[PDB]
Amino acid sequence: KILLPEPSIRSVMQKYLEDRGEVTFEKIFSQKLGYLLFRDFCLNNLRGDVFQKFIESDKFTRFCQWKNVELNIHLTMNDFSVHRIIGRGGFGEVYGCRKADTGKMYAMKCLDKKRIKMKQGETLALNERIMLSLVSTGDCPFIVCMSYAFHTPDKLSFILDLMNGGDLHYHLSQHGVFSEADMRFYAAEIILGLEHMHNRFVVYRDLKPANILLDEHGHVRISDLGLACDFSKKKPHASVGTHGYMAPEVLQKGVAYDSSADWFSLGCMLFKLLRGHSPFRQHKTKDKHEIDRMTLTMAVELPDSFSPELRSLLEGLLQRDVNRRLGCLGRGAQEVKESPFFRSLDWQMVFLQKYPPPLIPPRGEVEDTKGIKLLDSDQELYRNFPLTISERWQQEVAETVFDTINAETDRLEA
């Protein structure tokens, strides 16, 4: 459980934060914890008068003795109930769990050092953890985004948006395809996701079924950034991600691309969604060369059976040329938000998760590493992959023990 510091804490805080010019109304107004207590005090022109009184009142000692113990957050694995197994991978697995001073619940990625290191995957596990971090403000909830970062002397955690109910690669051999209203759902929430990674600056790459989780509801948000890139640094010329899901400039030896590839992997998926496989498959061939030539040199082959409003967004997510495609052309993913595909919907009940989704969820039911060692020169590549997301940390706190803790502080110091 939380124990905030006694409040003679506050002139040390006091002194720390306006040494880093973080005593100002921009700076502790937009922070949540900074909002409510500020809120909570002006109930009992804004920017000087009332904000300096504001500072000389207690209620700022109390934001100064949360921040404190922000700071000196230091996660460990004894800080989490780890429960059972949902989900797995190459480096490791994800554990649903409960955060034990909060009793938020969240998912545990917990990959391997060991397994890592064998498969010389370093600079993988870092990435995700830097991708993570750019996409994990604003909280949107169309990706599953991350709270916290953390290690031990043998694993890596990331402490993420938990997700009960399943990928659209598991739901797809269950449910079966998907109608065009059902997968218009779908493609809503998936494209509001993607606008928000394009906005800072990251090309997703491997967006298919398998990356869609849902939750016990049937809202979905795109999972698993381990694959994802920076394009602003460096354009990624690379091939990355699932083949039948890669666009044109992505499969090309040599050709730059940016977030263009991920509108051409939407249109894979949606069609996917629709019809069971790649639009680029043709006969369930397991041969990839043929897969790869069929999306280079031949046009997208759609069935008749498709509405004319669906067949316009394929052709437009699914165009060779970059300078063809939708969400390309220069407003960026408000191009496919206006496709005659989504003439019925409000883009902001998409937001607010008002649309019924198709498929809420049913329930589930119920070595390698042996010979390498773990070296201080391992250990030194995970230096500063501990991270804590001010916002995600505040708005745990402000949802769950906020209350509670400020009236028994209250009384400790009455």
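The term rigid core refers to the most C-alpha atoms you can superpose between the two forms while keeping them within 1.5 Å. Numbering follows the first chain given and starts at 1. What changes on going to the form deposited in another entry:
After superposition on the rigid core, the single residue among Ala299, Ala238, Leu71, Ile85 whose C-alpha moves by 2 Å or more between the two forms is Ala299.
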The other form holds:
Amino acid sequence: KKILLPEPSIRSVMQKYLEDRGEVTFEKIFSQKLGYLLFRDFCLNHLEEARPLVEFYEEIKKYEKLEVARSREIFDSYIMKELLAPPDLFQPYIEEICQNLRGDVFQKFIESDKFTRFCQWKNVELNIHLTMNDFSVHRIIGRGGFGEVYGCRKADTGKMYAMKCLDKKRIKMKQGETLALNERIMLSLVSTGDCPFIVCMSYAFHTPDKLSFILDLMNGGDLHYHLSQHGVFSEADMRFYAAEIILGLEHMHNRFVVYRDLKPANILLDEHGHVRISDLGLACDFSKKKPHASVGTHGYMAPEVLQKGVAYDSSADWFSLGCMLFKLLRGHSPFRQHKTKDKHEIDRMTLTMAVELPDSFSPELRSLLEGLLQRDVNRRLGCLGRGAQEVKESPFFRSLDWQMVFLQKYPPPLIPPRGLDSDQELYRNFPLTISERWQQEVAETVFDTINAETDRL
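Could the form deposited in another entry be given as well, to go with the form deposited in one PDB entry?
This part shows the chain on its own.
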């Protein structure tokens, strides 16, 4: 069930289609992964059209004593970094190269076979109509109120995914349409930018009787389950999870989304032990209007979320992180003392209770927790103006390189062990394919091999 590119004859209609939408510009095509890759290859076949690139690639062949794959790597790693797609002496020279690249070389690209190939891939993208036959479904890996989550392979590329499959009957029966759709909106806002610390969405589709989210596969269970098996974590182990989560929150806050349900059961591990924030059903967009409602899990909600009538924003999440990091070190939320099932008492504690930190805690850790758990939003870490940057700058993360955190170069502390009619109208607009995600999927699976096969035909 693999991919078949349409024949080159679609070029005229496709080129015109995109021109009418003003999408045949350097900024539009170059910022797409598949556009970048094909434009890169065009440049590399016709280096003469970019004066500085000829001499450079002539010198590298002599320096490395080569026998094509290097050309691509050097373009991606070195050339792109130096040109970027604090004042620099070479600024006018960077502009000259880039102006030639986005003008005369782009134009010649538009007129070449390589743009015909971009039109073919782009046509396939606009023809995505996902059903359950496009996936091969394996075992259950998660359960919830309206449905469950399965492991699966998408047939045409072979990429493994998680398929969150909500049952429409059960949604109707429990009167939770608004929240199922909220998850779809929230995922849509968050799943751009390619972030490694959030369980993002690639596709959404629906059947007669099921809503389906295709999501990043997280195979290794959640931090709640692992905390009960491992026991509490040291400061060194918790730092790893904290750093990765702080970057997940930064990403969400940058897109004006408060998450509101930050807690260990909502932190999933992959098979390597790296983590992502999952379940955005309770998250809220705060770009237009700030939410007031008390939403979350009781030992994890911030004072401003609980206080009656007070508006709140991303500030909530930093407090929730404070509660959650304490839970990883101590086995319980700070404001749930003796495994209480008294929600009123937990909330009173959240506002009034002085959190007693043991001597074993380092002063650096105390600084962090006392910062995150500030009850006034005006004095809390993360809320003084500069967001996640203020939290990264804590002395608990003194020795971390945040670039390496982002790139996932730090070793994880725990490696999981291997092994009616009107109602259907509500779910129109539910189908979505996030372009960036599909292109990334194609790039990393079958792009090269389909291009070679097509080139032969």
